[PDB]
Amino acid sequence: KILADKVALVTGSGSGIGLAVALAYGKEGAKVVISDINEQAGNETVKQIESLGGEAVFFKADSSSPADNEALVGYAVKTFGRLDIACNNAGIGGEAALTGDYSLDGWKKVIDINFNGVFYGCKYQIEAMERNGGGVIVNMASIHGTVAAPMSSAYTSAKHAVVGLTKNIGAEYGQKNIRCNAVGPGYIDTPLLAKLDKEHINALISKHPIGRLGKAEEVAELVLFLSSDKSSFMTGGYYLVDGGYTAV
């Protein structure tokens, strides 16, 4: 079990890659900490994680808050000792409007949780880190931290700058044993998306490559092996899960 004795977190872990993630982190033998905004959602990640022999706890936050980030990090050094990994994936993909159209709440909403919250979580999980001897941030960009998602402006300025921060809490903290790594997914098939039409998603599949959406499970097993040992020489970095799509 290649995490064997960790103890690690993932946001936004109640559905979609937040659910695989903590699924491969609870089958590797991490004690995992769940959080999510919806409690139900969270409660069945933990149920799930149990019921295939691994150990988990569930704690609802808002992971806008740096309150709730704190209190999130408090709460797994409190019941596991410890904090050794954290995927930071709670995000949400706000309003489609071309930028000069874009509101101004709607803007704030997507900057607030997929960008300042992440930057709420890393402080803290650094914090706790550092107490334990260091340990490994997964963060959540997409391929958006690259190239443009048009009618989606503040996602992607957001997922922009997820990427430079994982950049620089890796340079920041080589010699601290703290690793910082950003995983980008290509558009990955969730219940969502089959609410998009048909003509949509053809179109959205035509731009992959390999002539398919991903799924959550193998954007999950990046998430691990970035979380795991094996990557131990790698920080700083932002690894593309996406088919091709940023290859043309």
Second form
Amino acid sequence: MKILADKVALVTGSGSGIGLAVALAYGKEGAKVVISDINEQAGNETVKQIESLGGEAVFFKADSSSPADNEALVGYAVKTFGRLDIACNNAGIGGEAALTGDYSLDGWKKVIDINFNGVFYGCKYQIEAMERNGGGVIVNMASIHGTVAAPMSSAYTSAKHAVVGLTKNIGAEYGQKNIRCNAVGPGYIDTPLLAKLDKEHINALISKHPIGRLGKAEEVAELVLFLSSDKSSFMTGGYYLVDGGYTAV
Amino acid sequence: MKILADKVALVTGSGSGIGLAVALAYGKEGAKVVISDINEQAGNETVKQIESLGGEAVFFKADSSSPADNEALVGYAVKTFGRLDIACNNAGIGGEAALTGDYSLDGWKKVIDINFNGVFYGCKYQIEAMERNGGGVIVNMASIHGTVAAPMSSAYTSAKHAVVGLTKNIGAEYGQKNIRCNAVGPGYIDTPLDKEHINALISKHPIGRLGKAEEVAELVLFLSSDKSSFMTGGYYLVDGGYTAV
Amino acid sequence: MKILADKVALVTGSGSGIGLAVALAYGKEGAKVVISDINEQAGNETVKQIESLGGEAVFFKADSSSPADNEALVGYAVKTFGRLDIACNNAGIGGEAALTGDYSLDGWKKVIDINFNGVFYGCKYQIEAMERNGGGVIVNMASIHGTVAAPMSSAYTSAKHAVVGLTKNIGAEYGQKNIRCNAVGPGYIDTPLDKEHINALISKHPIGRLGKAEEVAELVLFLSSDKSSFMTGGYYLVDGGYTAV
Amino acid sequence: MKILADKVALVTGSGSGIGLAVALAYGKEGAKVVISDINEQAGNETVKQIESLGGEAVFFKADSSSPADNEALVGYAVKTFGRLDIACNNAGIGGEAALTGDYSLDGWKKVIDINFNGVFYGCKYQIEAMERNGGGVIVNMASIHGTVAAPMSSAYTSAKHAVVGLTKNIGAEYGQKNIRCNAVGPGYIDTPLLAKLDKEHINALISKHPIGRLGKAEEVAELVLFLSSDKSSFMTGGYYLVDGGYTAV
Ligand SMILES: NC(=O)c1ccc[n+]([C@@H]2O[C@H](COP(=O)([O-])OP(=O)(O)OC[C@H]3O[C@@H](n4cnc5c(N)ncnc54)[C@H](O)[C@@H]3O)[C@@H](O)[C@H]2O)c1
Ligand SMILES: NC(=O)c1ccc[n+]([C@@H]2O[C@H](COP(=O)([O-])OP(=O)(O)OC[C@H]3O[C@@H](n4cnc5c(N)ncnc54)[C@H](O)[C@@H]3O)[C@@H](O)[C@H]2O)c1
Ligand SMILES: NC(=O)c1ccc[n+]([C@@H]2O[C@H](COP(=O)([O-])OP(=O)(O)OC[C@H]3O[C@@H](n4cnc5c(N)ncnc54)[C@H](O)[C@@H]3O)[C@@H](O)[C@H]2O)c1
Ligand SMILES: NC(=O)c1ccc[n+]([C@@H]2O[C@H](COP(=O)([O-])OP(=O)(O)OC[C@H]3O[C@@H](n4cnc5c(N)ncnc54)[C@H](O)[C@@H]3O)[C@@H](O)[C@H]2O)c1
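What would the structure be for the form deposited with nicotinamide-adenine-dinucleotide bound, rather than the form solved without nicotinamide-adenine-dinucleotide?
Everything in the complex follows now, all chains and molecules, and the chain you saw is the first one.
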């Protein structure tokens, strides 16, 4: 049938951007989708788009940095659809731009709490549900900056590195428990947030991608979909680039 | 719809093991498939199975280590089907088992010729054809041993590292010429091959089992399709966690 | 001549284990050494040993996880010796042993605070001082678990990956400001810590033994010296081959 | 004493460049040094410089791509100084510049034979001598291009990747045989060959190094020296960058 038919999938930060594209891919492939976001209007709109494709979805408001919200979100998924098969830990921020020496303590803490700690809180409660329902598959949203530096964004690079480590650890630990965990590392993707950067800055970013363009959110979602499906059944603890060659040079 | 419908795909060493699984997946997804192998019977058998699923496939006998054979194989694909869209460089051998100091000069050269030089010969002629076609996609078959050692198989490990480097170079070079190149790194896979050695192998995979050729083929398919359009120059493990520890 | 003569060096967690070995090597090579630790007796003991070799050393009590303590430690170094040339961010803990699903919220936060956030707090204030001095060198203590998993220690593995990322960022950012930053990745090291578990650990190192803290310290020394002048943003294993397989 | 006192060290391609700098470092540190190169005049000059520092050295002409020359070179080292403790497999060429599709078959073969096969031939005969004399230490000269692409130099990138694999394999295999093997990955280094590139091309290279300059041969030699000494006794099968941050971004 459709490759995610009969599965229940959760996407954090699915109000916008990559998370939106992943939630739509999940919906189109027959998953029952739980949308989570800080922004309710964005989240409800994602639900409405999935429903308008003929999929099934619900919205639950949660801050990814809160342990209690992550626990509650998994609780809601299981209450609503009876199980949790697939989680995409996508919620994240870019953070302030400053050299490491000048990086604010609060700005640091915020990036680490959302982009790193929050991914762990998600995984922890997701794992608990997945163990109950016979296993599952987690996709953690990392970055190219999980492996290469992003000057002026030390907290982002550090957090995305930490997500790659966490992913390896979960994959290794739950190998024989039927839970797989993998990390996706996108290059620079054309979002609305990108339209806020200056055009000169955008050309420079483009020049760093051998493919000669920015990526699209749908192109990342294709990889997430794969890694979320049964097709990727021998793939766990891995890190998978979608970067137009950025890390190849 | 079939994700490779109307594509022309070539798989090297597609008479058995992973290459067979790749050719079958390509065939199932509607590609016209060129099977290449040093063993005609195996290759002919692969063609027959694709035909029995209702796909289209031809066999061309070739030694991967030979530049002329690679050029002739690609020439054959373009002549028979009008173009080349997809190539999987799969053909390889394990080589003799010896410590590096004891590795025979002839055994060394044979593994390098098939597993390293041959992948380059394939890619070179594949690229040439794809540029005439307006682009294409290559998947190179590496290994976990493209990133971690295989004691007693230094030639294999070296050649599989080389394939990763070559892949990065092609992906970076042809980014704006609409050719993508990626490498797949399988863990140990259950194929016709001592049970204590097998248990030692399984113990190295956190997933707790050896992989299946079909599991490898799924990743190759994804990487050969337009779904992977923003992926190039990358190395993609299918190893049940082997390299994560 | 002494390769660190007249340099001012700070080592975190230098009351025992690798940090002690690093501080001793720094002391032997003529640095003025600031010892930091949460345990005063251990720290005071380290100072005494450097003094008995004829080096110069002071102790400053600090919790690595605290931003104020890190700023005060660096302030202390600059006040006592006039400048900061070298820093080694070594302080870390192993954390509780649990599967990720079972990892306690408090245990998680403690490991992240010391091993990840604390290294950043150290680097931030160290960088500030070094820029006033016209440059400097940082060595961050990562692990093999900055690149491969440690089952039951997900917080440790995550934090050690973070340290590698931070190191890359600092090295890249301050390349033209004469500050270098590199990370060291030790394998399992013989320190005061079940013999079957120990044998399992040794079996994972191709060299066939656990490392010694002095072996780790030698690499840190090289990376702290002017001999490593073209090395920055790099991750450097000292692991008896652990990550090569 | 001097850190390589009483050791016998071999450097291939020590007539010029990095190999020259490594041979001088070895000599200054009290090693007995065997210089090998295709160019006799260059090689004899290196010997003369080592002797003028008060070191001991001899020259033996060998093509690194020949198994017989590598065997003979090790034979000469052992005949002359009684043993072989340290080998630096440095001989290498840059190769032609062409896209992979356009890369010549003969140009490919030549780069692979010198930069890769020749390193194996060296290691093989070095290992044989080192096993006889109770162990030793090999340093294989790789590149940044052992891990990242060099567009237009596919054979070089491929070969340098292969050297990293070979290194890991030797380190793993001989761990308990008292032979260590490690690979050095230099960024772009100021050689005379570099003066043959155009100045615009040189600025572009510089811009790719965060440190904001090209490297010096002496800076690579310092790392090789370390990895050749007893100080690096717990380091084997590793890959060690000297790249001014090139691979960090
Ligand atoms: N170029 C790129 O956009 C790029 C590249 C690599 C990686 N990524 C990663 O992709 C992920 C998605 O980013 P995006 O580009 O789609 O950004 P975006 O800002 O378009 O989408 C982020 C979404 O996350 C939500 N969110 C933010 N903080 C949250 C929190 N605490 N709890 C819940 N929801 C929260 C936002 O409201 C928003 O809907 C992030 O993890 C980012 O690091 C993006
Ligand atoms: N455990 C695994 O099986 C494993 C793991 C990692 C990577 N790989 C890689 O997967 C690829 C396929 O191997 P496999 O396991 O399916 O082995 P296999 O021996 O079953 O299949 C290899 C095929 O290649 C053919 N072949 C060999 N040399 C050839 C040449 N010179 N020219 C043309 N055809 C040639 C053989 O006849 C055979 O059909 C290889 O590149 C191998 O290195 C395999
Ligand atoms: N097998 C190994 O020992 C091994 C392997 C890889 C990496 N490492 C890393 O090496 C570093 C040193 O560890 P070790 O093996 O020497 O362990 P250790 O426990 O012997 O030494 C660590 C020291 O840090 C101090 N310390 C701990 N938390 C502190 C804090 N918050 N503030 C200040 N001081 C604090 C302790 O009192 C102790 O003196 C750590 O970062 C560890 O993660 C160790
Ligand atoms: N920017 C750089 O220069 C750079 C960067 C990274 C890696 N490397 C590597 O460093 C090594 C040394 O290169 P270099 O920059 O000093 O170049 P170079 O041309 O200055 O020195 C190379 C030396 O090797 C000798 N040689 C060449 N082929 C030989 C053969 N077949 N047998 C014996 N000797 C031979 C040459 O005669 C010469 O003396 C090479 O392996 C190169 O790939 C250099």
